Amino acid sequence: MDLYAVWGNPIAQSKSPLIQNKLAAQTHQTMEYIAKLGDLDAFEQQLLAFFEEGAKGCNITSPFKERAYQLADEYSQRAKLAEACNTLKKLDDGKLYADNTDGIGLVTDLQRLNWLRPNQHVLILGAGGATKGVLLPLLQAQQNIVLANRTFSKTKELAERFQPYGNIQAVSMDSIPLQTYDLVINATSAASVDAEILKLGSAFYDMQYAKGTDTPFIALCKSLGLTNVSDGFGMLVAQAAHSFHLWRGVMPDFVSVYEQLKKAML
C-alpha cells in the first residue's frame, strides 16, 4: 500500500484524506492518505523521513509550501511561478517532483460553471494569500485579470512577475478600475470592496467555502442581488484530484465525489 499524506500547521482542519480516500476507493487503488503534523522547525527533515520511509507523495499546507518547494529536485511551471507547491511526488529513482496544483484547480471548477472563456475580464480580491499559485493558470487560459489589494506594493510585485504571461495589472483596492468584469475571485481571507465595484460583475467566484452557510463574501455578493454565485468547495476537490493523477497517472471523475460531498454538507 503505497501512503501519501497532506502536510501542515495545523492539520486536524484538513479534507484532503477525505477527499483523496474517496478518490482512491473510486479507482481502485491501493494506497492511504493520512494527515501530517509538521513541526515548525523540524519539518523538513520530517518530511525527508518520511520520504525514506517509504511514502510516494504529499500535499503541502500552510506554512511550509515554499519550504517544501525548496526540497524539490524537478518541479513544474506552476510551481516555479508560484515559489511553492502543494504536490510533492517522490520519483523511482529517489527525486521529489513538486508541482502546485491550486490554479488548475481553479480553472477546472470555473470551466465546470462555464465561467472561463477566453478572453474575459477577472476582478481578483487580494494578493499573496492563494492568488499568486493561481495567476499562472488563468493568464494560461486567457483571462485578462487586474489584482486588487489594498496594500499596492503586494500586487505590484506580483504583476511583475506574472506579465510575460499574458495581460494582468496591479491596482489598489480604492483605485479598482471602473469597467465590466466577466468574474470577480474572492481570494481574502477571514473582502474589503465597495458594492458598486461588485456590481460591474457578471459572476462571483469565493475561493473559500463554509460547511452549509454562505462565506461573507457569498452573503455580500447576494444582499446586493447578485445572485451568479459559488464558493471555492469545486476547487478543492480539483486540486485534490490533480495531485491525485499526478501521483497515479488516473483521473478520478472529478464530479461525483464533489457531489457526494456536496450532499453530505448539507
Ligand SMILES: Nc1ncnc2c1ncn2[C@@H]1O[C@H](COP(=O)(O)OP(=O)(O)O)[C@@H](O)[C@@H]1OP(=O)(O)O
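Here the rigid core means the biggest group of C-alpha atoms that line up within 1.5 Å when the two forms are laid on top of each other. Positions refer to the first chain, counted from 1. Compared with the form solved in complex with this ligand:
- Relative to the superposed rigid core, the position of the CA of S62 differs between the two forms by less than 2 Å.
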Given for the second form:
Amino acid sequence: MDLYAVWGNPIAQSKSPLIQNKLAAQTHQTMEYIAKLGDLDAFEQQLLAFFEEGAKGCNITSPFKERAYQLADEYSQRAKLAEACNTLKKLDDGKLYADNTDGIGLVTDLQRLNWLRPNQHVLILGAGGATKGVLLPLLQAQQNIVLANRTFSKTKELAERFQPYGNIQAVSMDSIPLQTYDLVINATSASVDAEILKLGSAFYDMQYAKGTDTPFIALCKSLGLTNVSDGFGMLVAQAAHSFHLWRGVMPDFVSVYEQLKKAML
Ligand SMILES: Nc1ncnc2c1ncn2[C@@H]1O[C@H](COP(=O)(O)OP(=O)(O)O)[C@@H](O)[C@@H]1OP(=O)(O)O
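Which structure goes with the form solved in complex with this ligand, now that we have seen the form deposited without this ligand?
Following is the full complex, with the preceding chain placed first.
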C-alpha cells in the first residue's frame, strides 16, 4: 500500500488526508495518505526516516516548508522561487524532489472562479511565505501585481525577486495606489485602507476558516463587498497538483472540490 502524508505542527486540523483520499478514489489510485506531526526540532530526521521506510511522497505545511525545501535533492523552479516546498516526491532513483503547488493551486482555483483574466490588476496583501509561494504562477498567468505588506522591506525583496517573471510593484501599505483592483488577495495571517477595498471587484482570502468567514472576508462583507471567496479551493487545488506530481494523473479538481464543499456543508 503506497504511503503519503502531510507533515506539520500542528497537524491535527489538517484536511489534507480527507482531500487526498477523495482524490485517490476519483482516480482509482490505490494509496493511503495520513497525517504526521513533525517535531519542531526533529522534523528533518523524522522526514528522512519516513522516506527511508518507503513513503512515496508527502505534503508539508507549517512550519516546515522552508526546511523541507532545504532537504530536497532536486526541485522545481516553483520551489526554487518560493525557497519553500509543500510537496515532496521520492523519485524512483531515490532522489527527494521538491515542488511547491501552492501557486498553481491558487491559479487553478481563481480559474474555477473566472477570476484570473490575463492582465488583471491584482492587489496582494502580505509578503510572507504564503505570497512568496504563489507569485511565480500568478505572474506567469499575466497578473499585474501591486504588492503591499505591513513591513515594507519584505515587499521590496519579493518584488525584486520576482521582477524577472512579470509585473509586480512593491508599495508601502499606507500608499497603496487608489485604483480599482480587479482582484484583491489576502495572504496575511494578520492594515489596508478600506477606501481601497471598496473599489475592488473580487476578494480572495488564501485563509480558510473551517466553518466561518475569515477576518478578511468578514471585513470585506462589512463594507458591502459581496464578490468574495476564502481559500478552500486553493487548498483542494494544490492537493490535486501534488497528486498529479505523485501519480501522473490529474484529478478532476472541480468535482472533488464540489464533493468536499458538499462534505463540508
Ligand atoms: N496584524 C497583522 N497585520 C498585518 N499583517 C500581518 C499581521 N500579522 C501577520 N501579518 C502578515 O502576514 C504575513 C505572514 O503571514 P503568516 O503568519 O501566515 O506567515 P506566512 O505568509 O509565511 O504563511 C506577512 O505578510 C505579514 O506581516 P509582516 O511581514 O509585517 O510580519
